[PDB]
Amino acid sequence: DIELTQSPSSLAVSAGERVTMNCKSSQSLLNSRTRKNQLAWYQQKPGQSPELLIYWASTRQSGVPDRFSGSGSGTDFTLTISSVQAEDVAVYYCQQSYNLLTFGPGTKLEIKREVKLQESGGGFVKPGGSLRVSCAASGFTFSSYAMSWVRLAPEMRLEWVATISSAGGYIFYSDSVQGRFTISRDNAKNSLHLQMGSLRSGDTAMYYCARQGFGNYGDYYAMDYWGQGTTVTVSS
């Protein structure tokens, strides 16, 4: 039951300055069996899905400019940008996978002046209703990756809700959706579904399917490809 805090919540700087953002974990994230700090960092610009910046506290994701680096171990972590740029405006979140899957509250950074996951099926419903968001996968071997649904509630916070394993043998839910939501996958047609029942206003969010990444040296404990996000609005 790990709580991550981030600081500062918000700051504005000028192009080219260095910034450091911190992430403090209420409990150590260094896993002694695996040798790794199960902590990742995401950048989310407005109107887009999160993008994986760093995992294992310090390993930069492929394709990320090297002005981004991650540091720290145990309970205190840091993301720094050496010479920030205009395209670096976004909210930055840290994310631990030591116990379940939980995100920090985010740091909003302002500047003072063929893998595809296409989603479908959001919309409006009233409390008690049901909806089914879905995720079509293309451009990679769907049946090798575990897949996850995480949402962005209006209040700026990301929240993991469900995970299904690569072959579909193992299924995990957040307590906040357990018994109401049902995740499923079909590895024959490369699709992922979230069947949502007994919807409540707290369920209103942008909903993202996302691929649990892994490499030749182990799972990232992070998600490297996200769909575009479909809105779910619980009514009245």
Second form
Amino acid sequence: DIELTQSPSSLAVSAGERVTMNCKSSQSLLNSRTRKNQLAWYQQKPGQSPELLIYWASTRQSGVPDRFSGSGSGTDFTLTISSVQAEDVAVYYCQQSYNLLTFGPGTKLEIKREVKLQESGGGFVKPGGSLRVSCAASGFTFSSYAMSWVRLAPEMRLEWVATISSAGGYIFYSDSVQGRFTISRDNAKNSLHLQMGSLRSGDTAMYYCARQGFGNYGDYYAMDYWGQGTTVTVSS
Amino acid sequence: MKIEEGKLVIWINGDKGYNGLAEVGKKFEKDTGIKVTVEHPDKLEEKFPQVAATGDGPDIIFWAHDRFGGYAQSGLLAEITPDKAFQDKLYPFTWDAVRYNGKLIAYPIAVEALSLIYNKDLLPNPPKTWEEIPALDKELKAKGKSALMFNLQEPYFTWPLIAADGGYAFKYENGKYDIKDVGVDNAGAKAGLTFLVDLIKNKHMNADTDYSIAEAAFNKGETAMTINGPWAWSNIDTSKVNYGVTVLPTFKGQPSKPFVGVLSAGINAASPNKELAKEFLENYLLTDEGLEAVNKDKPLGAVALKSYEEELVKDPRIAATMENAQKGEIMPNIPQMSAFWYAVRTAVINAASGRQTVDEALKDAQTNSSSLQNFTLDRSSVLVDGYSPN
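Any chance you could show the form deposited with the partner chain bound after that form deposited without the partner chain?
Let's see the whole complex now, leading with the same chain.
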């Protein structure tokens, strides 16, 4: 119900240039209670899972170099790299968390001169078939965290699929998969699952399990650790 | 999202006497026409808050009181309304266990504590102390038996040894739990758990041991002692091992200190039958005949209802339960107990399995139990139109 645009869709810079990336939403993302803006920023470097950069619009995640900088208010958000570097070649995603979860379409940026999560269980299926992806968690109190499934589809398409609360009472699915998919967890075996049935060929993607982060100041409403994507191909 | 009016659906654990409870149900039906359905979902202690969050689930939920603070803060529980007259039928300390923010949130049923259960034929004089068990196993190994086998996968069973010498969960000071005073790290805790691990290192126990391994071990007469609650008695009864129930061994001269659980009945907040539930609980279950129907299926042990406890406590096994109960501490029900259990469960399993030292395992459990500012229980990490669900 919330749409996000990111401009520009791609971008080529020489090393050292200062870079600003836009994100605009169909509506205000401000949390009337925490006064935080429900927007987060992610970096997906080629061959890797996305990582958390910014959450609450302007708060940098631990470990993120300070040349990365998030700003913005209302419906208008910006990620700035003050002086870009070689290691920053990546697609950058804004993600809203004001009403469920939506990833923006992404900005491809090119340069010209013990918390562990392991997925398993992807594969091929005919259209209308089934598969159950899993994700084994270690290095943290899994019982205490909400977990989410996010998938990456061939055309730079990062999509939220489902989220399940730390104790399982609260579950939410993307429209794209509602009814057909079922997210479950087993807090006893430290495990998360996505049963995928009535598969469309558009469901072909790398599927990531991701931990929803929180801390002493409140929920991040962002995913701070990701597994490597298990792959699901629906081939006619 | 619909519980269905004009019907009672009850959830209770599988080791308790659900068929007995179901016949209290049928009595309720012929008197009032209301159908009563008893189910025993697996892991119902987690199934309940999971389905009740969106307003589904049973009308009545049974568990030890410890989890009920947690359910109540999550709003999954109705405030119960027994008048003073019914309240007096039950022991006052059991009502204290069903309080949360001054409010009564469940009906107490039974008072549970682990006892030492021994094979009388293999071992006529059971050990007063934990210390003499290693040598008692060597003897018993000579005749192809072991001395002790109990559940190590559930910290509930290992807690009595940990607390014997001063291990504690949260400190209870001036009428309140202080969730920044955690004792899973102290010297008493370490002394107990080290002793349990040494038991495993010296081939007297297996880290491997779980409930059903230890049960069959005892009921097949292969181990001289087990540690269990009154629920376990009926399987021991049918097996006809000649068994006794008695005081838990001392550790370092101190009694083992089981966490006492008050088995309780909660009414779902989302239930449309809250009056029918009150009536069933007050007028049918919590009667001498009510509790006996359940008890004859699977023993409840000691019960919160005075009139029936006075009958039950005549049984030396219930006397033992009470004695052990009196030497332990009533569990807290504060929401953080969930975090704690997970924490200690991990510590006990990792220390016992070797993957961690006792000092490392308990330090972790203490970290994971301490700074729980506003521990949540069911963290959704999602907003819906800018607001959290529930």
